[PDB]
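Take a look at this single chain, the form deposited in one PDB entry, given in structure tokens.
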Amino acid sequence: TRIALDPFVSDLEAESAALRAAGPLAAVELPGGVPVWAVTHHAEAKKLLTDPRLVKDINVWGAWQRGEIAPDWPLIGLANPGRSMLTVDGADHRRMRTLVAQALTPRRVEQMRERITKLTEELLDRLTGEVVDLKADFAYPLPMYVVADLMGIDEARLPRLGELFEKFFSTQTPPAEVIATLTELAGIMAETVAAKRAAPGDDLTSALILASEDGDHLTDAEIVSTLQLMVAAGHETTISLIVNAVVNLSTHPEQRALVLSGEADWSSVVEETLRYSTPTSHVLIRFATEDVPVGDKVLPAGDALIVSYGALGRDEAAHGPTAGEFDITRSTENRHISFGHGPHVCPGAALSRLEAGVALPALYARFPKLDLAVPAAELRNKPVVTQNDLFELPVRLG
């Protein structure tokens, strides 16, 4: 029995519970009428994520081979981006990933702690009034500035990039605007790369350009695709991580009391938010080169697989009978896999942990009484099916 993912994300908790119930391999419908499989249990996700029969090569997708995927499908930017580390495996994946991954180790991202701290304090300084949209005024700008600095993007481009990524991630973007959004994104990223080719810097775009002389030899198009990937994957997720941590503390007063009183550390808030309420509900997209058994089902060769990180985060087989609860003090035998698992594991994990690990204590140090300004049930997800993304975060600064 297929689960059609709600394009309007009207009850994400209920949909996640249905996906777990239908697992480990659930039949699902992506917005736009595209049928795929979703892995929704922790153990089977880890196996599929390291299974060499589950590849990123879209030429393996039967629906792609048959020409049944429209180029103006709103999800096309997520399902079929340009060639980058995201869309390859094997030796090509190593070549396309190594520079970025090594630039983002925990040791390397510490270099940015000062910039992240200064950005955080500057944003907190500008909060005005008793009630604010903390997403628009804080959680959204911080990771956009951070990834823009990382990648050498001109800060003057960030307002437009924000407008474009809103369309990129929405299920409701009309066909002409799907296409126009991807073309304009390509232009902004190409302009950034062209600028760094002329004057190479410490930013990661410059580093990729230099390595394409000096070893890795990514093509011009692959560098632009990698830049777009880094901005897409690095701002949207980190914003939701900060938003969801504030929501979770505001809906669990004992957990808020623990961390604000020093009985638990902020890292535990971040890690439990990642497990309980990941920024990334689903990851597109993998394809079976051969029939693959999953539980009592067979994933047929040529079919597609998404990984339902949101659903599997609350898998009771992984975390026990309290897996559906937000508990920053929990003991579990299984660490969460909200950054993925295997070769494609998020290279930005340390940077996101640093951003959230700086932003959250700074926020509550400035505003110890900070609370949602509305009952949490009134918060509304944007029509973004792969990301847990809220329209706004009304907050009383207290």
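Residue numbers count along the first chain shown, from 1. Here, rigid core means the biggest group of C-alpha atoms that superpose within 1.5 Å across both forms. What changes on going to the form deposited in another entry:
The residue from 147, 240, 86, 326 that marks the hinge of the rigid-body rotation between these two forms is 147, the others lying more than 12 positions from any hinge. The smaller of the two rigid parts, set against the larger, turns by 14° between these two forms.
With the form deposited in one PDB entry done, generate the form deposited in another entry in the same format.
Here we give the lone chain, stripped of any partners or molecules.
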């Protein structure tokens, strides 16, 4: 009675309906035959996300500990990553979140509004021809320029950063090319850190160096791991939020009208896109330190849990009978948790909301008649089981 996730992501819509149906705790299989549990309902997901018995520490994974996980298992980079904010819980995690919150403040993100507006303008200025790949030509570059600027990376590096991001995020990318891509990116982050120690500025890197709580502060290794984690966490997710809002407005033309008229605000489009069509379908991975009741089921000690944000986004218990539809007018007594919940909640939420909040009005300002150059049915998800990313967004600028 175990749902196997399509590594080709041929039918997300259905796979998400099957996960919602298989109760709050669904037995699933990850690509490579690895069995785990998925929490697929909203209220149960919030309970597990704040339960200190669900930890990131891979030592707690019984299957891993007793060697039944292939060392070449494709998803092992997700299950077993380098030490960061991502992989710790309890006091160690609270220390990192406190220090990071001092640097990536709502104020610092809000202060990016003008630079993002200018980066959006220049990308739109480069769009030419009657149809474009709006993903490759507009959405894709925007978050790279934004994060480079946020982090204070040498503007000279941007042409190479474009190539390193493509390599880091690409399916095709081979074995010891991805080793070498990580190495080069870490070298850039280390240079940026050393630059900002010598000459502190108004950038996130400078603030991560300055952050402290009663004389406790981040190590160089902690600062670099934080900058790398933010690039990994923030790039394709923000692209897919923009891509998915354009896809949603295009297939709900009466809501596009409502937003273009000024009756509906852009925030309502972004918040609805996040609930209805999150860029992050699944987050790996947590392990139970003890048996944990979830509904009428038990998550056993040493078993794995994934959080199925995609599926639970359209949870009718949270969002009512409309849950399964895109509606930017909707009222929910339950805010979406597409940025997570509890200690590990996304620290980038304000920034991705700001990028989309600037990009979407700017694009429709330049091309208010823009639409899909192809039927919605022809749009393809990339073969990335944890993400909701499209190969391309063919658009007629109009």
